[PDB]
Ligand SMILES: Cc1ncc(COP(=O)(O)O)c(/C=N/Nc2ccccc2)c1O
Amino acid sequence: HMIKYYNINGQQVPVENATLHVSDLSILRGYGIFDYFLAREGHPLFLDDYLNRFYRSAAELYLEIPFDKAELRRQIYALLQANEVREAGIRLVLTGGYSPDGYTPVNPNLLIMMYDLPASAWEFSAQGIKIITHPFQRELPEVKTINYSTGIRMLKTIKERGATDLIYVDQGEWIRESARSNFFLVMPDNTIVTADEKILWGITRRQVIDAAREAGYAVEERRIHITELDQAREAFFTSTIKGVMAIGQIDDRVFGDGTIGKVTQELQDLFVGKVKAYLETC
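Show me the one chain in the form deposited without the ligand?
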């Protein structure tokens, strides 16, 4: 489970030597974007989707990625091989770079970090998790910025309350996403519902929506009023690491008996289907 190397700016570097000078704008100014994906069987999953997002994120902050997509793909595969792993987490980071004035981007720094496949990845627990609502709206929500100020600061509140996560509700009226996951409801007629605006367009959310539609579920992408939690039978998260994770309780509302609902469970299987399908093209 040893990771020997990261990559900074196209060079493989021993993990213990992977450092940035303190003039980096991520350090001074929280200025950067990132992406994160799994590799299984030697292959980053849905890699083209993740790379497209990373490139779009970067354009929205006016940061030039120093390599084209094919070259970045090569550095990622080479990093997998240098670390001798087939199953991994992979973090891409693009900082504002070393700035003259501690404010203006000049030259982004590109990081590629690697981890063991997270131990909890795709656990697919039958017992739903317990989350709280939190009134908040992420800034630049369609961009995967490095800014997790509120998300990280809320850990103490979450934990204090007996929860393990939250769902952000824009002005306490409109359901969005957690700090790190997209959020879905399943209605009693088996319509799946998820927000369409002022959220991060997850890659997992994409694959799950396509898989759902292919299975013959209706998926509405729309604004979601907080009151609509009381109409839902089921609730779940999507994310790279969670896959599809049942939510058993929100605040004082228990969904079902707290265990994974039937459509959520099918969506777990369909998601694994997408993964396999992807890996068949590799």
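Residue numbers count along the first chain shown, from 1. Rigid core here is just the name for the largest C-alpha set that superposes within 1.5 Å across the two forms. Compared with the form deposited with the ligand bound:
The only C-alpha among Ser125, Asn107, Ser120, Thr164 that moves by 2 Å or more between the two forms, given a superposition on the rigid core, is that of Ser120.
If you fit the rigid core between the two forms, you'll see the Cα of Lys198 move by 2 angstroms or more. Relative to the superposed rigid core, the position of the CA of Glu71 differs between the two forms by less than 2 Å.
Shown in the overlay between the two forms, fitted on the rigid core, is a CA shift at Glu173 of 2 Å or greater.
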The other form holds:
Protein chains: 2
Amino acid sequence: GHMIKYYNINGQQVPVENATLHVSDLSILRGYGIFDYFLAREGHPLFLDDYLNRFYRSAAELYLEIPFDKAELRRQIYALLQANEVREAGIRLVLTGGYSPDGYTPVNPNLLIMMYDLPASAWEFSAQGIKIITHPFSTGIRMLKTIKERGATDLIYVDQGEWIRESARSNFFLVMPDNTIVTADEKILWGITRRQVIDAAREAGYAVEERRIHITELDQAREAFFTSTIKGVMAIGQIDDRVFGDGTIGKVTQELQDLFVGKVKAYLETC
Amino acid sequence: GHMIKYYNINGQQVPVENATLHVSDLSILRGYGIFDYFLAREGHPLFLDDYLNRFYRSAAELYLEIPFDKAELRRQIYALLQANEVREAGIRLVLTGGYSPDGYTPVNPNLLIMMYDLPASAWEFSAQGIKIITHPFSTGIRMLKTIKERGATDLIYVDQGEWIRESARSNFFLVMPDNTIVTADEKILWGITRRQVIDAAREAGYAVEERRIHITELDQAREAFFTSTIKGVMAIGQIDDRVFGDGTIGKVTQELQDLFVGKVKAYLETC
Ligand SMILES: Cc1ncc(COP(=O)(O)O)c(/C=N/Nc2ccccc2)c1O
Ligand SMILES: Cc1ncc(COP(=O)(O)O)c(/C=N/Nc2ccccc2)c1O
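Cool, the form deposited without the ligand is there; where's the form deposited with the ligand bound?
Starting with the chain above, the whole complex follows.
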């Protein structure tokens, strides 16, 4: 793996061993802050402008002012890849509520850029679908316990015992026997992987329905998968007691996995 | 005011100027953590055992292990009051998700004890009730904006357009014309001030109903008030367009304010 030498705090490259915040930061005291996370390959953060747009939208929703414009943040991110001498990386952006003279009032958010090594494994996909559970409904990390204990590696939620509700971590998709792709709607552009995969499905001539999913629809679907930054397209083989196909990646899920890699390749060709 | 010289990080008294966490702390990266906040007067944290019990319960709910038992944490808190040479103080306890070798897995929570000066003003109460709004339903600090903009200093929530829902920051009480005190129920002991004030009301021979409050009940109440650690008993003079009495503290709210001071005096007599 790779020694990461530097993070970035408020536009200054800081050796990892000195990368600290004073405990008056409102993320420490009150968990007030936003983040984004994205990959880089061949020295380029993937779909970067979409991630940065999401990051600036998240900040404005919390009334936190990012201390640099998008072009400047983009420069800092590329400057940090070059300083750490990595071509493949995970990049975390953090905007805290910042240092507050009174432990409550945001007065100046703190901006962190952190960097991680990816194993070659990060870019590979399993033919074996994962096993998840449904669950009525901090919440997300708390839930790791219940999850591992039940022999699942993730979950989706049911609402009023009726409606599938996505976790924070992933977008959830069904493929119906007629090859209709079904996924929850969005008010504004949140899922970056979700967007590239819906685009790839429609370009391939698949029907994509963006709508509420009823619990009964898990029993009608041929395939189930997640999208996320880290997973890309990840096949779900089992939901509670429901096996999808033989538990291995479905036909459309496999096609969308390959088309997503195509979207990442096409993105990198424009860099 | 008072120079605070020291905080406590993981059982070590640290000069405030050196009190920092490495950015791998999961409170910085993911807002994963708990806290408690309480006052001290005459060199004693108020109702300390109830606050510590709440703190240990909050931690166990997030599967975070506090590195010291209750007696040891209590010692650290008194040792910090003595090191800062303060008799009147605000004390914040923070337990973060801690430093994680992979930015996701809690591996060792970090414990912070921070200390603040109280103005003599912190112990005084206003005869003038505050002005709040109702509102359908991070959320809490985000809401300061809407609040100040509407000429309110706080809010309570309405659920399904039907039921009063308390904010995180305060417990909400009505006093009906027959002097029935009404407040939302609790599953386990959360509000410390709430508990002392309900105890004081019942000892005085008032009826206290712990139950769901319907929106229509704001129109039937003679008085409205908040309890919290910082506010003690705080009169609410106006909710949206509803003035309570002439906007000044009601009879029962004033009696409960005096009885709460009595509970604090009695507590300090046992120290
Ligand atoms: C540009 C690019 N080129 C090839 C592969 C596959 O190399 P091969 O076809 O020889 O195995 C990937 C995989 N991404 N996988 C991925 C991307 C984002 C998130 C998760 C997985 C890629 O991103
Ligand atoms: C022990 C004790 N003794 C007196 C006063 C009042 O002094 P006087 O009656 O002469 O004005 C207070 C006020 N607490 N107020 C308070 C306590 C907790 C939270 C908020 C307010 C007190 O806590």
